[PDB]
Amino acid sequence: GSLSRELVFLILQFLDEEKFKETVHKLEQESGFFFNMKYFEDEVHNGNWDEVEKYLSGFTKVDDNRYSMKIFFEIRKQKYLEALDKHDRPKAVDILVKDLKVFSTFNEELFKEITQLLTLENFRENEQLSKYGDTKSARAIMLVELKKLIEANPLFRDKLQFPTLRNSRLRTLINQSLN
């Protein structure tokens, strides 16, 4: 019930058909009207953490609510574990201070336990993390958690469904009227 919002959905369908894919996602992000779950899934799967966070930023901030807090924490925790698994402690300690320290103030003992992982030979020595397989398996299990959190978050609840539109909607509307 907003022309600005109706136009965004019409434009998003034109861009998709035109295959201007980067523009599709920038419009979703910058407008905030539609969160593409299919896009987010692919991005999490390919470990493109910078784009995952930039995209999320168009819909939520890290401290907006408890769901938003856990979404960002889960992603940074995975980014961290992956640096540990590749035996890159300088990178893992860089992620801990720059990305995970923000949540230390909330659960302090959790942060201490996550920090302790840097000293283990293999982080699977920790009871909770013994079940972590490879990075492909880990990303899949976290994505299932991420998906639950987005669906249960009030800031995202009304932004997961794209309207049912006839193909070339914007093409057919401008052609008839611009005459």
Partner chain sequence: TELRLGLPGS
The other form holds:
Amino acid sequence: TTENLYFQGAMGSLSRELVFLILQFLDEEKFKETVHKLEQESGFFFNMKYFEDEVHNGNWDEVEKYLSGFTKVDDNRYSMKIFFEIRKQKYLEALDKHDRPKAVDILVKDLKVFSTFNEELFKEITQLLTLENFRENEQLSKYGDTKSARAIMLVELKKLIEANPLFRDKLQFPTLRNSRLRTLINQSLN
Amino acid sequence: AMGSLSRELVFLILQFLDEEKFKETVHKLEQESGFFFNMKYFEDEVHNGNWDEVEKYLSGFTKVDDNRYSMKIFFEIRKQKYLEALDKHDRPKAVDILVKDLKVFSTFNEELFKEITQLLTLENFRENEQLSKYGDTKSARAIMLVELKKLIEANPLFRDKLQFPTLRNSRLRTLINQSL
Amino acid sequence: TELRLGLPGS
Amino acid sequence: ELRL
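Starting from the form deposited without its partner chain above, please write out the structure of the form solved in complex with its partner chain.
All chains and molecules follow, beginning with the one already shown.
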């Protein structure tokens, strides 16, 4: 047998190779939540299609938990900017829904961590709370709606992820034969 | 041999995920496959009052209307969640639980749903004779958990789902090493 | 079969 | 650094 577990197989640990064989099995079984929890907990593969769909839907808690399997907020400048942009968007969405109690909660719990790095910016962000419409601020005058803003932010998040040394090499799923785990275990058990 | 090859693979993967300490993945797989119900995990989520996770995990195995056991399991959990909201003096939250989670039970017993609704207006729900012995959150969750375990163990839908097979350590890893 | 208001396990 |  000259066959590797998969085409790029001999390059990682066996645990990493088993994770990829399992990911394909879970996908073929349609165990979708298990797929993304395994991606996140192992940190071996960042599923860009899944991240896009979760951002498109504004599932911010899930977006942050998913990212947390790959990076900490303060890891590097790209990770910092990724989290900042997501939390800034959640905050702007709260203001747009005229929910000031929720916006101050996002400001205090999610955006305050950025004040250490840039004090004046956190003050400017805070000051958006008192505007009748945040679009009054020059830098946000072009903000359309929830759909348009999530799409524009996602274009930026994708570029930041692709440039981030912690993700840049976890973005391509390896090349596996069809139902590889199922085929190998079935022959090993026989 | 664990019936089908898919079922045998799920059990091998569960062991692998547990040895690699991918804890949340273990419970998503148990839930989505529906092959194994982890009583220890369920008891811990209930003990901690993590009601959204308790119901999402159970939903991988049963629905409220599958049988009398499934009906009583969701009923007891939703009743506890409602009594906890009344106990914290949070009437808006208790009304939200009543309407979103308990209303389905009015289709079985409309008078019982009316009695549960009437607890909203009491200064203390313990004024109701049926609830006078309710202690505190800790005692009530422990008493409810004793009943939930009995209902799950008697539920025919949980047959063959309560015993993890005896496997040698790292069975998946050994089988893969043997495959090539 | 009956659902009851009382504490689980009576 | 971050921006508005």
